[PDB]
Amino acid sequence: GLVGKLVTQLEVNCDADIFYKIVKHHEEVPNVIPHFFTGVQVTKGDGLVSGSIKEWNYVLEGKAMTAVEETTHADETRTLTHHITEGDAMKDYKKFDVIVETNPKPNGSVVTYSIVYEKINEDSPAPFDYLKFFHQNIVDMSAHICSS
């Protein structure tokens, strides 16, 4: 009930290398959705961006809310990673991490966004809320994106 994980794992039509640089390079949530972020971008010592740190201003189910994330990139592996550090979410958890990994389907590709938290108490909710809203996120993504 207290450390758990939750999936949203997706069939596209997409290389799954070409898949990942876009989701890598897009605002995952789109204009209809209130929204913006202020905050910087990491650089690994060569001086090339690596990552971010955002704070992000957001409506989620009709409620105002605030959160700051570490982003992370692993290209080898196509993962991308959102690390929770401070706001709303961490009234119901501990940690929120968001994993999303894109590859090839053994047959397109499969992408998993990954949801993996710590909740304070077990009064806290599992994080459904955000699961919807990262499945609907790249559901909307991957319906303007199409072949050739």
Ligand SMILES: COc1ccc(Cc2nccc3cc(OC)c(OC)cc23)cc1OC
Second form
There are 2 protein chains.
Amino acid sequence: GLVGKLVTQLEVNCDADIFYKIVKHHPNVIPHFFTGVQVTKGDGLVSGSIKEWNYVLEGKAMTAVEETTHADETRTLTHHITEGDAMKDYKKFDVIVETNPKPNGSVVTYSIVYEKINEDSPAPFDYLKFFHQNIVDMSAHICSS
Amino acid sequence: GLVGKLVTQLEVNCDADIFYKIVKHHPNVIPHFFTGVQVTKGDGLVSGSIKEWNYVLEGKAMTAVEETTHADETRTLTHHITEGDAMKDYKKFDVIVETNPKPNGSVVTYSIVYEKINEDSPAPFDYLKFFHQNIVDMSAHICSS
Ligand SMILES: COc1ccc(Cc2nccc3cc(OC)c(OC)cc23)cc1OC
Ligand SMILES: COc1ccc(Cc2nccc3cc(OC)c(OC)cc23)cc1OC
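Now show the form solved in complex with the ligand, given that the preceding structure was the form solved without the ligand.
Whole complex next, starting from this chain.
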């Protein structure tokens, strides 16, 4: 089992497009900072970012290089990791965030698409829980009106 | 975030229908046993089961009552938990296993569909990892020919 995908999906009581705009532009207790740049398309408007993150996951300090892009039409954010501690375990590591209206608020889906270096590599449950708790935190700071 | 779904999806080098038949009818190192019954449809043939499991998850002994059904046409197995330790955290807890051919072997998807009792409940990452490791183990004991 070298290629796979982990997903956390959560219902949120918020219009999909509004929630997407919140996620696209947004905890201090988790140690983290980044340096990097913004990327533009051609009309001079920012379309994404390339960031080098320094962070602490489950007590351990790590770095990652991440390129973020977005698709407003499908309310999708994509984080493509090119370098860093996670690349000791994964040949490929991408995080896709989608927000959609409930067929019925919204459903938010975080998917971690991965390919392991070898069979001794773990699947990224640590990252799934980290992103899940981050999105639960953010969502509990949002309310109607 | 009270209603959600966790997923682990893995690629396997096996025909979908064959892999489904293997999963449908299949580690001793994990402490577990069950008692219970088989369920029939009307032609007298077994269509499912109702089992009371006794097991140890992350060192802790637990019980669960599980009703399993299957859909051969869609290669889907469904495990519906009605009682047990997990129901201290979840109002609803269902595990859905799907096997499909790669649009290209197969893709196996384990989904845990849950509703928490309250916001203090955890999301079932412990169960996701347990089912993931179980399916990785099983799949590493299967080879071509
Ligand atoms: C190795 O995997 C990653 C590691 C760090 C990041 C950085 C990152 N991207 C998006 C949202 C984030 C949100 C975070 O919490 C505020 C955070 O702290 C480490 C990092 C975040 C992304 C990663 O994949 C998207
Ligand atoms: C609380 O959640 C559950 C707890 C136990 C089970 C029992 C079960 N069902 C299917 C496959 C299993 C496979 C297991 O490993 C061999 C196992 O050991 C506890 C239990 C299994 C299912 C559960 O949900 C499907």
